[PDB]
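Can you make the complete structure from the sequences, with help from the hints?
The chain contents come next:
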Amino acid sequence: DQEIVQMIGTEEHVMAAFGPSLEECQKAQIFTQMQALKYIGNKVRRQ
Amino acid sequence: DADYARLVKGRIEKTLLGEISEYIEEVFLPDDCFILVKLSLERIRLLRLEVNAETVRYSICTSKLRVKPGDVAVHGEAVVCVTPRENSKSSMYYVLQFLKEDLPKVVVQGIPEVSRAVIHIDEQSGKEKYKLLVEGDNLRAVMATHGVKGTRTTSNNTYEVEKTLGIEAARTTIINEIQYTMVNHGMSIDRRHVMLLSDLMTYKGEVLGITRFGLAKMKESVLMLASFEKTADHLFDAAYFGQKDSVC
Amino acid sequence: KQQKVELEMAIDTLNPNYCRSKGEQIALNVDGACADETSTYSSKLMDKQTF
Amino acid sequence: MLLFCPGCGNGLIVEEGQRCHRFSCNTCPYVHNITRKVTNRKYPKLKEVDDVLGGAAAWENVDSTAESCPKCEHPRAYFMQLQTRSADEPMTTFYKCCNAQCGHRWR
Amino acid sequence: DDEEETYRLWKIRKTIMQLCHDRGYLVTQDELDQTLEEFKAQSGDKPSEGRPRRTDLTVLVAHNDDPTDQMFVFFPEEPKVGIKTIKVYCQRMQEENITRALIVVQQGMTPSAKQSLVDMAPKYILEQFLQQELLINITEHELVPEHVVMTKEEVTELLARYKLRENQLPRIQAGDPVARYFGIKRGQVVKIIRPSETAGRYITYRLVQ
Amino acid sequence: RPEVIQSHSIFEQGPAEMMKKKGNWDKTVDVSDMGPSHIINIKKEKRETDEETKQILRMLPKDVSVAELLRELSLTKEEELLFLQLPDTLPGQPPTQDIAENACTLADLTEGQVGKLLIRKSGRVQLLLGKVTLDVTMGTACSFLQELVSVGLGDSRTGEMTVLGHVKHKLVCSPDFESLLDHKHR
RNA sequence: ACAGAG
DNA sequence: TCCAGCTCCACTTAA
DNA sequence: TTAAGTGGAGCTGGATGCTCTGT
Ligand SMILES: [Zn+2]
Ligand SMILES: [Zn+2]
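These protein sequence lines map, in sequence, to chains B, A, M, I, E and N. So in the deposited numbering, spot 11 of the first sequence is number 258, and the numbers just go up one at a time. So in the deposited numbering, spot 48 of the second sequence is number 1141, and the numbers just go up one at a time. So in the deposited numbering, spot 30 of the third sequence is number 81, and the numbers just go up one at a time. So in the deposited numbering, spot 17 of the fourth sequence is number 17, and the numbers just go up one at a time. So in the deposited numbering, spot 189 of the fifth sequence is number 190, and the numbers just go up one at a time. If you use the deposited numbering, the sixth sequence corresponds to residues 99 to 157, 245 to 284, 312 to 398, in order.
Among the hints, a few may not be true.
To list a few chain E residues with every Cβ distance to chain A over 10 Å, as calculated [what the hints assert, rightly or not]:
#, residue
1, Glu-79
2, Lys-124
3, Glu-158
4, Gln-189
Think about it this way: if two alpha-carbon atoms lie no more than 30 Å apart in a straight line, the pair counts; the simulated BS3-like pairs of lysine-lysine are [claimed, not checked]:
#, chain 1, residue 1, chain 2, residue 2
5, A, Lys-1312, E, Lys-192
6, N, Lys-142, M, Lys-95
7, A, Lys-1312, E, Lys-186
8, E, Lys-15, A, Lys-1224
9, N, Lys-125, A, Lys-1161
10, I, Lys-37, N, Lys-120
11, N, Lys-119, I, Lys-45
12, I, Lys-42, N, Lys-125
13, I, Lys-37, A, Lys-1193
14, M, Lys-55, N, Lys-380
15, A, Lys-1337, E, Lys-192
16, I, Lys-96, A, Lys-1242
17, E, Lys-164, A, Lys-1312
18, I, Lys-96, A, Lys-1220
No lab work stands behind these hints: they were computed from the structure. Ideal Cβ placement from N, Cα and C applies to all residues, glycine included.
Below, the structure is given as structure tokens:
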């Protein structure tokens, strides 16, 4: 998550504005790329 | 004089907690964590407000996270500490971050629906009186505060005037507001026409629009309803109810 | 060829910055309870960090 | 404030241990005991304005004076001109007249 | 505070005095002109003053009709008045054999008690007024023309002059605040005296429906 | 909760608020000088701006290439590992490399002196790399960790890995297109 | 379906 | 492109 | 403990100026 906040911005108010999206992702148990692909794959409208 | 006007201005205009606090800090200690709010009492002196630590303690515990009154203390006359507990519903105990950005938006004084209020002074040379143009949507609250002459205050929204002062005051409001809008663009209608319009809107005890929704409650003829809007649905409804129709 | 490096660094345990209560649980989660034939961590704790 | 784990770089959370409150990672054993006072001050914006308005000088800082209205002919005036309707090939004006506080507003 | 809180208990009491004087209940002249500094006399500030049961009005009898036609005015203390407090006032009203009562709630009423005030009895009719509506007399407001509740012998002469029925008149609802001020039920006709731009006056009529 | 809260005209003393605020959080439980309670000074948590890592403690301008080479030469005798970028082609012929006029890089040249570096008056720094002089500019300043390693595959399956040092600064070289173009205008 | 005109 | 009705879902009172 | 009546949020279905003059 440190690299995400590095890419978004390292100002104070920018981090304060972005914080509730990290706090949302930590509520679910997504911490690994396989977990994130498993979460996104079950939202896909199956064609 | 304007010294009296700013008091009742500050009694109705919505003031946020963050607007009077000079810093809002989180303090982590080895035994407890909490959030500290220091009030800027010089600005309370200059804005002429009826707020201190005990009033902010009572404005908090109103629809914020269900904090308890035991959690909030009033250690000085300016400092207020808010110790948080477990939200326990789709949130982590690190909900200190929620009150870090949500507690500055609580209301401590005034009416929650008033966006802003302003002091407006007159033009005459024989007098100088100070009225109060309020940009909000709560007539009942602005009428009822101490120091506002509630018998002579009005609105532009006819729905609030109908809800508070009755159907007849709403009729008068429709007349005054249509005539005011026609005067401001240089037009000129005889007042009997807007009088007939206001009496047509308010003869069933309720202000009814000139939409298809207000017209569905006034007129009884089925083909008059079906000749204007929603042409299909009125026909099937008159078939369903077996509704007969005069050609009057 | 196709240059890709993997490292493994050994973090200590005797320092105060290692919550052993969480380390025992994460080592029980990753490894088996008593298998230790092939194992990510050697001891009963999270010992390594892979890069 | 955001603080991140030296090990894995996830976001730390504050929790309570057996001797201190700790910053702790959710995904690795790293914890940091809060031994001393640590703080973060927001310093928000105060409500700077008081905003009294509507003075007569704030009304008559517009050009026109000593002209003639068709109603009461008074000199102290407040004029306006529009053109933004090209169905109106003639010009468009509106006038305010307040020397005797008569208050006309016509075309 | 305590300069503005006793202000509310003065102003609400004054407006209830006028509301009882306009419904034909006997109000003495001094209660309609009870000065704030004179209201300080019989009750001081909140440590000496007592809110809920010291400011009740049960003196009010219909001096037009009958001395046993009496009406309460209660000031409950809690902001959201539950069913239990309504039952307390109803059994007190049962004891004194009074039929009409008012309740001045401070912030609101719980939705199971607003349902209660309709269906407890047709003989026990109770009216909820918020304390924020009583901070001004809405009849004194300049947008509200003077309403007059009409007698049956005047409704009959109205409907005979224009040759009408009752259901062809214009309507006013019973949830109208000026209708609840006078306490009027379905089937009464009010007379509205509208002021004009001239010195003239235009009279009009509304049926409660 | 009693709503009718009372207030007074008296003016708050400045120090009285200061000392109340002081007394509200200056209490410390740092008396536990114990192992668990102790904390490792070289593993503090990372505050997010990497130049500004220190949030807890025991208690910027942008430099240029002439100030870069002056501090490494005059101020200190200690050597420093740089990381410089080149232009895409270096101004040479591939020496018997079986070509086409393709790109000439450092992988095609030989050992020996390849050029000279001229630090001019008033901050101008050039890289004279033959008959043409390139232009040297400081690149984006990195503040994360960079290590310069030697990976040697002495055997088919095993070998040596050795760290040579940390790289701090990044230089950028670019051809001076105005001087290249002012020889023969077009 | 597009362009005009008042 | 903008706006009333209809239906789903948490949130207190009350037993 | 839970039955229930009522707030707030999302979905749905409706509507958007008058004529002639030609291809
Ligand atoms: Zn970590
Ligand atoms: Zn004029």
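Hints versus structure:
Every Cβ of chain A is farther than 10 Å from the Cβ of E/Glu-79; the closest lies at roughly 16 Å, confirming the non-interface assignment. Taking the minimum C-beta to C-beta distance to chain A, about 27 Å, the non-interface status of E/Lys-124 holds against the 10 Å cut. Remark: the non-interface label on E/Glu-158 is consistent with the geometry, its nearest Cβ contact in chain A lying 22 Å away (cut-off 10 Å). Chain A leaves E/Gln-189 outside its interface by the beta-carbon criterion, the shortest separation being 13 Å against a cut-off of 10 Å.
Taken as a hint, the A/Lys-1312 and E/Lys-192 pair is honoured in the structure, with Cα atoms around 26 Å apart against an allowance of 30 Å. Pair hint N/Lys-142 plus M/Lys-95 holds up; C-alpha atoms about 26 Å apart against a cutoff of 30 Å. Distance check on the hinted pair: A/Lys-1312 and E/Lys-186 sit about 26 Å apart at the alpha-carbon level, within 30 Å; holds. Between E/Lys-15 and A/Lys-1224 the CA atoms are separated by roughly 26 Å; this keeps the pair inside 30 Å, and the hint holds.
The hinted pair formed by N/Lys-125 and A/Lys-1161 meets the criterion: a straight-line CA distance of about 24 Å does not exceed 30 Å. At most 30 Å may separate the alpha-carbon atoms for a hinted pair to count; I/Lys-37 and N/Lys-120 meet this at roughly 12 Å. Taking the CA atoms of N/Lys-119 and I/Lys-45, the gap is near 21 Å; set against the 30 Å cutoff, the hint holds. Distance hint between I/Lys-42 and N/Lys-125 is fulfilled; the C-alpha atoms sit about 22 Å from each other, no more than 30 Å.
With a C-alpha separation of about 18 Å, the suggested pairing of I/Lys-37 with A/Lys-1193 holds against the 30 Å cut-off. Taken as a hint, the M/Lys-55 and N/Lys-380 pair is honoured in the structure, with Cα atoms around 23 Å apart against an allowance of 30 Å. Using a Cα cut-off of 30 Å, the hinted pair A/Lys-1337 and E/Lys-192 is violated, with the two alpha carbons roughly 35 Å apart. At most 30 Å may separate the alpha-carbon atoms for a hinted pair to count; I/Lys-96 and A/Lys-1242 meet this at roughly 29 Å.
In summary, the hint linking E/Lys-164 to A/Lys-1312 is supported, as the alpha carbons are separated by about 23 Å, within the 30 Å threshold. Taking the CA atoms of I/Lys-96 and A/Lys-1220, the gap is near 20 Å; set against the 30 Å cutoff, the hint holds.
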